[PDB]
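Residues per chain are reported as follows:
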Amino acid sequence: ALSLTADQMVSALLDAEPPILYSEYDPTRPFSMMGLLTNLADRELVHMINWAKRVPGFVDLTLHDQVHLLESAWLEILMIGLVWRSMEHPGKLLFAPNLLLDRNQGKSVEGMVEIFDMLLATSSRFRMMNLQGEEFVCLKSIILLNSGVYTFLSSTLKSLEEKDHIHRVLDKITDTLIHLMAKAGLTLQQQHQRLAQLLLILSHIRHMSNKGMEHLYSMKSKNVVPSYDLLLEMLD
Amino acid sequence: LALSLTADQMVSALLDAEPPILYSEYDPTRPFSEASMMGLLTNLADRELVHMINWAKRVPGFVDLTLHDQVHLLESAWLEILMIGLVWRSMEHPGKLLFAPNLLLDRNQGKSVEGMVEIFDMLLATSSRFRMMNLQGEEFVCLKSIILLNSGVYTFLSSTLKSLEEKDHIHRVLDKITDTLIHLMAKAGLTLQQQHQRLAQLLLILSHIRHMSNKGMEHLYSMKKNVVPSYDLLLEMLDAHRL
Ligand SMILES: CCN(CC)CCOc1ccc(/C(=C(/Cl)c2ccccc2)c2ccccc2)cc1
Ligand SMILES: CCN(CC)CCOc1ccc(/C(=C(/Cl)c2ccccc2)c2ccccc2)cc1
Numbered sequence: 291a292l293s294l295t296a297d298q299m300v301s302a303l304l305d306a307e308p309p310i311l312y313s314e315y316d317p318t319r320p321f322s323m324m325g326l327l328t329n330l331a332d333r334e335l336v337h338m339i340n341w342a343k344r345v346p347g348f349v350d351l352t353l354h355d356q357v358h359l360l361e362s363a364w365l366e367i368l369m370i371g372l373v374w375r376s377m378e379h380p381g382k383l384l385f386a387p388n389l390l391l392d393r394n395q396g397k398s399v400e401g402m403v404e405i406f407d408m409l410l411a412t413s414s415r416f417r418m419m420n421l422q423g424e425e426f427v428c429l430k431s432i433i434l435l436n437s438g439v440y441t442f443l444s445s446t447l448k449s450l451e452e453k454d455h456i457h458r459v460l461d462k463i464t465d466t467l468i469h470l471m472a473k474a475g476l477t478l479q480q481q482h483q484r485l486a487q488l489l490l491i492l493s494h495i496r497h498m499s500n501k502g503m504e505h506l507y508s509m510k511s512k513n514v515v516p517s518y519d520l521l522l523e524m525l526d
Numbered sequence: 045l046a047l048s049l050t051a052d053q054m055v056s057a058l059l060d061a062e063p064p065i066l067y068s069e070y071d072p073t074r075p076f077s078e079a080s081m082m083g084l085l086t087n088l089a090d091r092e093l094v095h096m097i098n099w100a101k102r103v104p105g106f107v108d109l110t111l112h113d114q115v116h117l118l119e120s121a122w123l124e125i126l127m128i129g130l131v132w133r134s135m136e137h138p139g140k141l142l143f144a145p146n147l148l149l150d151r152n153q154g155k156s157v158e159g160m161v162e163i164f165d166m167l168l169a170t171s172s173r174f175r176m177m178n179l180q181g182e183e184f185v186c187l188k189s190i191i192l193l194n195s196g197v198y199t200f201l202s203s204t205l206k207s208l209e210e211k212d213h214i215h216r217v218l219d220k221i222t223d224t225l226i227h228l229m230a231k232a233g234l235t236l237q238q239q240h241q242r243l244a245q246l247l248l249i250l251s252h253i254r255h256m257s258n259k260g261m262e263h264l265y266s267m268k269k270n271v272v273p274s275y276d277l278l279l280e281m282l283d284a285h286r287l
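Protein sequence lines, in the order shown, are assigned to chains A and B. Okay, so the first sequence: first residue is 291 according to my numbering, each after it adds one. Okay, so the second sequence: first residue is 45 according to my numbering, each after it adds one.
No lab work stands behind these hints, which were simulated from the structure alone. A virtual CB, placed ideally from N, CA and C, is assigned to each residue, including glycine. It cannot be assumed that every hint is accurate.
Claimed, not checked - Just a sample of chain B residues kept apart from chain A, beta carbon distances all over 10 Å, derived: (1) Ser48; (2) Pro63; (3) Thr73; (4) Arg74; (5) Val94; (6) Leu109; (7) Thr110; (8) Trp132; (9) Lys140; (10) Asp150; (11) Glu158; (12) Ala169; (13) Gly181; (14) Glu209; (15) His263.
Claimed, not checked - According to the in silico footprint, chain B covers these stretches of chain A (three or more CB under 8 Å from chain B): (16) 368 to 374; (17) 410 to 419; (18) 457 to 464; (19) 473 to 483; (20) 491 to 498.
Turn these sequences into a full structure, and let the hints steer you where they fit.
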């Protein structure tokens, strides 16, 4: 599937997009913050596995490596999705269409408003850059392929082939991002510049995931961080 | 006035601003298993940080920022910058980390402190990736300046007119480093496709470097020691003389 043209790559990613889910609270009852966020994330994760298997090249990998990639990336992917759908809602986070929250509403869990603030800034940055949908799906696929690629625990022949593949798929997505920017009329300089600005935002998204992963682990709750086996059970 | 700088001028500036490679301070005539490995890394890092401040002030456009914003950027970036330095000078030493010329450690030596072999393994993998990519010195200095300028830019948390202007400037300087990276690549004869593919490959490694810094910072905080540089320390070091 690295024979795909740039336009075929975009279409495939656009097709693979997960749906927008709703929060599960009774809207007729008075308005747990973590509870709502957790159920939302749970349900999104199932759809994320579905999406991942539709990212060109992903199912070419071993099941083990697919799990490793998702294990490393799942919160980054949830967060970029959140930031994307929040883009046109300054100062708020659209967790769900029935759950649009501001930073003050985040101040009811310790350490949450700090995370909310980081997400809001990323959304602002997306707005400034006028991030497009076709660019977003590319960046999201890059996260899936990239975040875990430096932490493969082996140098077996197969693992070398797997890493080679991952980097070839990533190069294809780079080629596609550039194409999108060419299609929109950006100059060559502008193209490289925007590529860089987009990819640099991924470091901040990594950062936000790390801070959030710290929170989930501090809870000392058994099922809160997805196990290898859960991911394995879903992917197979 | 560093936005007028050319691509070759930008590289030259950055190469000239490079900090020195420091040596570990242990008595080499003394038994090795005495020394605390966290002790050695901490002292090395302390000394490196001073040189980092002076390097930062020589990154084109960095001293055009407010002192508060300079501090914020370094507060965010300092461990990423130490780590990319480490990974760079380890590039030519497979399976080892060259903390200093007289302190070249493997992953087994990192098993000294619990939780540290995991970080060593990530650093080693980064170094291996640099090796695979045949990372050049001029590309290295560009990436390191990008880390300095980019890592804290999303967390200023001021929307004053001044802060807007500061962020605009940071992104203009970043754009210029991007132009510089591309120029280097075109100079080396890479096709346009190869140029944008390698730019992306290099920038994606920065996310893993962020990751490594976060895991490292988790450790330093876990110690419950003054081991994380305070704002006031960074301010004290940056807010200097000219006497
Ligand atoms: C295995 C079961 N797990 C993961 C699915 C339960 C899910 O735990 C959570 C997963 C994600 C989030 C979350 C955010 Cl922003 C968050 C993370 C950490 C600390 C504070 C906030 C978020 C929720 C929805 C969309 C985007 C982000 C919260 C709990
Ligand atoms: C007192 C304030 N700071 C000074 C920065 C002290 C900060 O202590 C340390 C700073 C850096 C390192 C360090 C590594 Cl790789 C590390 C970090 C966390 C856990 C395990 C290892 C490193 C050292 C030198 C070069 C590259 C990396 C260790 C202690």
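Verification of the supplied hints:
no. : hint       : verdict
1   : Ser48      : holds, 16 Å
2   : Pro63      : holds, 22 Å
3   : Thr73      : holds, 38 Å
4   : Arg74      : holds, 36 Å
5   : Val94      : holds, 25 Å
6   : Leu109     : holds, 18 Å
7   : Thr110     : holds, 18 Å
8   : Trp132     : holds, 15 Å
9   : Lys140     : holds, 16 Å
10  : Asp150     : holds, 15 Å
11  : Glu158     : holds, 17 Å
12  : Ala169     : violated, 5 Å
13  : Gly181     : holds, 20 Å
14  : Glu209     : holds, 14 Å
15  : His263     : holds, 12 Å
16  : 368 to 374 : violated (count 0)
17  : 410 to 419 : holds (count 3)
18  : 457 to 464 : holds (count 4)
19  : 473 to 483 : holds (count 5)
20  : 491 to 498 : holds (count 7)
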